[PDB]
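Only one chain is included here, represented as structure tokens and corresponding to the form deposited without its partner chain.
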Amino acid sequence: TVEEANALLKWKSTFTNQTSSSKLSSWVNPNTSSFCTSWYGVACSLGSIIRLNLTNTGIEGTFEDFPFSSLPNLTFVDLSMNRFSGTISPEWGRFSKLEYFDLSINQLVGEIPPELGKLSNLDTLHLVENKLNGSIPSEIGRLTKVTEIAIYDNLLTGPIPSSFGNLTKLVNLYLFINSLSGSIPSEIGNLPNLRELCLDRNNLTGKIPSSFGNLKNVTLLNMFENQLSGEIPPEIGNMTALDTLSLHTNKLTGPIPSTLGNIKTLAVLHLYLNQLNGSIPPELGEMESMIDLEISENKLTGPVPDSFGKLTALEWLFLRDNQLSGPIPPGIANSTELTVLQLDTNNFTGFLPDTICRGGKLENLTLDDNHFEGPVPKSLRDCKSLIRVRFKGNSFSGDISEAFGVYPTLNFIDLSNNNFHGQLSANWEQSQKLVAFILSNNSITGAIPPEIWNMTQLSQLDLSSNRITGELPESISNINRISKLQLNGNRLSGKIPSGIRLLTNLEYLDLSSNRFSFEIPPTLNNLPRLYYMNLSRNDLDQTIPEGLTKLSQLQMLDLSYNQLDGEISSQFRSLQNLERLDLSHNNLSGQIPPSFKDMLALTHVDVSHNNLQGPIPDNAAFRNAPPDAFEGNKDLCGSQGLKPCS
């Protein structure tokens, strides 16, 4: 009507920063046949506006001059995705016909007025992504026809009103990302039509109401990242339409209720980061639909039940960081769909089962810091789908080249501190995307296959603390992405290859405790990320090359326990980031260069058991050094443990 159109024009005249490419260019002629046919966002019935849809039209303004008293037949209102600021007036509750009300994604502030509860015909209320604060008024519980309430991502405080139990037609309730507090009212459990209940990321406390067992149609229950406490009520097992139950990151205590096995529809169960204790009920194996079972970071004890072999759709099983113990039953890995088996930081014992990867789809197997032992099952040898294998801290045994097959998509493997023996196979080269190869402190013997240096995506290679023999070839330069190279504590012999000079991504190089002989390559001068170099405990000889002083990021340089001789270069002053320097147990002669006074970052120095003489340079490391950093030298003199200088 002319009066509705004139009133909307007056509201429009108040908008700011309007671009004249606005859709509202079409708001000109208030007569019908303009108003009801060509005004953007306006739809009428019998010449009167019943729908106002200005979503995402770049309006900046407020509702201060919104014409509440001029639009009596307003039925559908969508003002979302604009730049409306200010508050939500009580006058919005005078639109008696309103069915659909959306002010989301604006910059609205202040409290929700109780008058919204007067909208007795409302079907949908959306106020998401604003900065609304205060408590939800209890009068919202008068919206007896509403089927969806979404007020997520606001600044709401206070409890969820008990009056929400009167919202008998409510289907979806989305209140996540707020600061709602108090206990969940038990009246929520008596909403017969409820399908989705999302109260996650709030500050809710107290126990989950046992009334939730009356929620026979709820398919989604998200209440993660709250402060819920007490035990999960056994009545939850009567939510027999649940597809997804997420209670993670709460303060729940006591046992997992055995009645969860009653929920045959349940596909996703997230209970991690709680304080759940006791044994995993064997009835959890009856959750026939379960795909994604995550109960890590709890205080569960006892063994995993054999009934886990009945979970035939299982894909992800997260149990890390519990106190589970004992042997694992073959059923734990029996799902042909299993892709991730995550058991780290428990106290499991015995062998891996022969069911593992029987479906040919297992990807991530992580077992760190358990007590597993025995040989690798042949079905894991033959598991071509593996991406991540983490066995650190267990005691697996067997010949390493018999235990493992070929893994084309392997990305990361850590076998540190296991008990594997044998020689490395060239088969590892078929993991062309492998970025970390960690085999520290096994009983590996024999040579490094030359194919290893063709694993050009390697970023970490750690074969330390084995009994590996042979010489490093010049083609070591081919692992040109390597950033951490740890070959320490082996029996490698021959000269250190010059090709390491081309490993310009190297950050950390440990070749120590080997039998390397002859000179340190004089071309190691161009490793601009190298902060750690350890060549100690070898048989390296001749002079320390000046190229090492160009390794400007070095923080630690350890060349101790070699037969290096000649003088310490005064160009060491160039290592301005050097904190720790160990040259002890060598055959170095002459004076410690006075240029060490330039190295203000040095904190630790050891030159003991050399053939050095003369006074000690003036820097803090030398002043703070204990007598044994100097002992065993020829004629050092001081101004500790040294005779004073003349």
Given for the second form:
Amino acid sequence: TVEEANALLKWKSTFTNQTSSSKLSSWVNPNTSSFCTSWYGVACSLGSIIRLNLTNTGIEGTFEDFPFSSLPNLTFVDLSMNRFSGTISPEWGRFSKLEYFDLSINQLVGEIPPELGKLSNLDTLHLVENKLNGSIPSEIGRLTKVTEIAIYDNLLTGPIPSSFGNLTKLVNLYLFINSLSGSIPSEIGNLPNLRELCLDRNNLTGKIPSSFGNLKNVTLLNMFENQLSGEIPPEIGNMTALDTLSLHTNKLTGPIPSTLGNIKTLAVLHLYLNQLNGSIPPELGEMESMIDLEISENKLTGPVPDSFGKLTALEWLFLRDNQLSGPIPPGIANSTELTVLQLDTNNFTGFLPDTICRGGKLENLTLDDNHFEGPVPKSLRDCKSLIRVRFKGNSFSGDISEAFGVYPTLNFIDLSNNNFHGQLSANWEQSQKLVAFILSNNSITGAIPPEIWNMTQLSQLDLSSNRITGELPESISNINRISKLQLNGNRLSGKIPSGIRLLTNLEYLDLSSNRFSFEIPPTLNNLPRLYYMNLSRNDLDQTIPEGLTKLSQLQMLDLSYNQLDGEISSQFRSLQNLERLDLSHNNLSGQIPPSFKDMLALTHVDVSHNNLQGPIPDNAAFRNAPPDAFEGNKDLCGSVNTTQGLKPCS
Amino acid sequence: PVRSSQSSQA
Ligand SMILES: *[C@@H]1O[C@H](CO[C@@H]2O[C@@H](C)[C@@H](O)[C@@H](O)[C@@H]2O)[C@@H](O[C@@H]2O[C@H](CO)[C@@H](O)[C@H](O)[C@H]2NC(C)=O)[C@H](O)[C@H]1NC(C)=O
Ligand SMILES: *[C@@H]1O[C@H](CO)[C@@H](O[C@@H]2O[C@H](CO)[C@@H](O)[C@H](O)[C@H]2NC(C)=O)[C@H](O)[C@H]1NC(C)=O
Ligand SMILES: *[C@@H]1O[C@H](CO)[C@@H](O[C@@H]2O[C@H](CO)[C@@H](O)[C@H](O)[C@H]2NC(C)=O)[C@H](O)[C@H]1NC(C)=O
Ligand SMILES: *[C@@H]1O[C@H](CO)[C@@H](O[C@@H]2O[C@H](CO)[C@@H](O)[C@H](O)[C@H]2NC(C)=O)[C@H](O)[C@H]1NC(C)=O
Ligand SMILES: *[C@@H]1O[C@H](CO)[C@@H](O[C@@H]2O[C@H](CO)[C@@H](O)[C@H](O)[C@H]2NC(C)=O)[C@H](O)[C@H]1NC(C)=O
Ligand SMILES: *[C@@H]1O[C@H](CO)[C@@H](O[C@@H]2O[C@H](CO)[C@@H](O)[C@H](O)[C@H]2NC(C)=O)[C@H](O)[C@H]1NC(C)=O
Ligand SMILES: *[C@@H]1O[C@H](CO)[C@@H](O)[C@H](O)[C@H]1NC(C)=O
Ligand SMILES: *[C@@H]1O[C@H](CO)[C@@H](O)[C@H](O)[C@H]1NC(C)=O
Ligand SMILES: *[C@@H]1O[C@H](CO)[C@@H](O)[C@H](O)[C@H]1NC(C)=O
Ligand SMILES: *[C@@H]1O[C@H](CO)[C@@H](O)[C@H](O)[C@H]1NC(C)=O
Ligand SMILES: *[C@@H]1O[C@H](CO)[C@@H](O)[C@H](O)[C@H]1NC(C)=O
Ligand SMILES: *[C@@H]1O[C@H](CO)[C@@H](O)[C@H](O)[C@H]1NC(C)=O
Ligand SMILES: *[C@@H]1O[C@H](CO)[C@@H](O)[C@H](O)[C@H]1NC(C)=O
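Can you switch from the form deposited without its partner chain and show the form solved in complex with its partner chain instead?
Time for the whole complex; same chain goes first.
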């Protein structure tokens, strides 16, 4: 009508920063021939506006001059995705015919007025992604025809009103990302049509109501990231349409209810980051639809039940960071669909089961800091789908070349501190995308296959603390992405290869505790990321090369326990990030360079058991050093009023 | 504009 149109024009005249590319260019002639056919966002019935849809039209303004008293037939209103600021007026509740009301994705502030409950015909209420605050008014519970309420991503506080139990047609309730508090009202459980209930990311406290067992139609129950407490009520097992139950990151205590096995539709169960205790009920094995079972970061004890072999759709099993113990039953890995088996940080014992990877799809197997033992099952040897294998801290055994097969998609493998023996196979080269190969402190013997150096994606290679022999070849330069190279604690012999000079991504290099002979390569001067270099406990000889003083990022340099001789270069002053320097147990002669006074970052220094003489340089590390940092030298002398076990200088 | 929330895996 002319009156409706002119009122909307007056509201439009108040908008700011409007750019005349606006769709509202079409709002000009208030007569019905224009208003009801050509005004953008306006639809009419019998010459009167019933729908106003200005979603995402770049409007900046407020509802201060919205024509509440001039649009009596407003039935659908969508003002979402604009720059409307200010508050929500009580006057919105005078639109008696309103069925659809969306003010989402704006910059609205203030409280939701109770008058919105006067909208007795409302089907959908959407106010998401604003900065609305205060409590949800109890009068919202008068919306007896509403099927969807979404007020997520606001600043709401206070409790969910118990009047929400009167919303008998409610299907979807989305209140996540607020600061709602108090207990969930038990009246929520008596909503017969409810399908989705998302209350996650709030500050709700108290126990989950046992009335939730009356929610026979709910398929989605998200209440993660709250402060819910008490035990999960056994009545939750009567939510027999649930597809996804997420209660993670709460303060729930007590045992997992055995009645969860009653939910035959349940595909996703997230209970992690709670304080759930007791044993895993064997009835959880009866959740026939379960795909994604996550009960990590709890306090569960006892064994994994054999009934997990009935979970034939299982894909993800997260059990890490619990106190589970005992042998694992073959059923735990029996799903042919299993891709992720996460058991780290428990106290499991015994062998891995021969069911593992029987379906050919297992990707990530993580077992760190359990007590597993025994040989690797041949089905894991043959598991070509593996991506991430973490065995650190267990006691698996056997010949490493027989234990493991070929893994084309392997990304990461850590076998640290296990009990494998034998020689490394060239088969590892087939993991062309492997970025970490960690085999520390096994009983590996024999040579490093030359094919290892063609694993050009490697970033971390740790073969430390084995009994590996042989010489490192110049083709070590081929691993050019290597950042952490740990070959320490082996029996490697021959000279350190000059090819290390080309490993310009190196940050951490440990070749110590080997049988390396001959000189430190003089070309190790261009490793601009190298902060750690340990060549200690070898048979390295001749002089310390000046190129090392160009490794500007070095923080620790340990060359101790070698046969190095000659003088300490005064160019050490250039290592301005050097914090720890160990040259002890060598054959170094002459004076400690006075240029050490330049090394203000140095905190730890040891030059003991050399053939050095003369005064001690003036820097904090030398002043703070204990007498054994200097003992065993030829003619060192100190200064009075600083005891370090030296005869004073003349 | 309205989505149900999504629980993330651990
Ligand atoms: C709900 O919001 C009003 C408005 O708060 C201000 O506006 C917001 C957009 C944001 O800028 C907030 O940081 C502001 O506090 C609150 O009313 C204000 O309360 C403060 C108390 O510190 C008072 O100093 C102000 O004068 C009040 N009014 C305004 C216009 O700022 C209200 O307290 C909030 N909380 C509720 C209702 O629980
Ligand atoms: C799931 O719902 C059924 C209702 O069909 C519950 O059975 C109720 O409890 C008593 C005693 O257990 C039964 O004799 C009745 O059939 C039911 N009575 C009422 C008042 O509902 C069943 O106990 C529920 N399961 C859980 C775990 O709460
Ligand atoms: C591994 O899972 C299979 C099913 O994929 C289980 O085999 C079924 O076992 C039941 C016994 O209750 C039989 O009724 C089915 O006929 C079996 N199916 C097949 C294809 O054999 C098997 O028991 C599981 N093994 C475990 C858990 O060790
Ligand atoms: C069983 O569980 C864990 C992992 O298998 C063990 O807990 C850790 O042990 C190390 C070694 O002392 C500590 O550094 C950690 O702080 C421990 N706690 C953790 C990681 O949460 C635990 O010792 C084992 N418990 C029993 C009873 O065997
Ligand atoms: C098994 O673990 C790997 C982690 O290395 C997961 O693969 C990563 O997944 C993220 C998320 O999509 C990607 O951004 C990375 O690119 C993936 N990395 C690699 C090397 O593939 C993988 O999804 C896990 N398998 C599951 C969960 O089934
Ligand atoms: C360089 O590596 C050696 C091992 O090859 C580390 O040696 C230990 O040093 C401390 C103190 O000198 C001793 O108590 C240990 O017994 C040494 N031997 C071993 C095998 O650990 C040395 O600490 C490393 N240097 C730095 C700076 O990390
Ligand atoms: C529009 O509102 C007027 C005033 O209430 C009413 O007389 C008329 O019937 C309404 N028209 C429609 C199509 O709802
Ligand atoms: C408003 O317009 C958008 C874009 O076509 C549409 O998807 C949305 O459903 C409309 N809303 C109403 C209430 O008409
Ligand atoms: C739900 O219904 C009652 C009566 O039908 C109504 O007065 C009120 O809004 C609600 N009652 C309670 C106790 O919240
Ligand atoms: C679930 O189904 C429909 C609505 O989805 C309706 O009959 C009622 O709300 C529920 N039925 C029950 C609880 O038996
Ligand atoms: C709830 O409060 C905790 C602190 O008690 C806070 O870390 C958390 O982020 C809050 N959640 C919300 C959704 O405000
Ligand atoms: C689990 O927690 C409750 C409450 O602390 C306690 O009574 C119960 O005995 C606990 N169970 C175990 C096995 O610790
Ligand atoms: C390395 O292995 C030895 C014997 O296999 C073991 O005693 C030692 O604790 C291991 N080191 C670590 C850090 O686990």
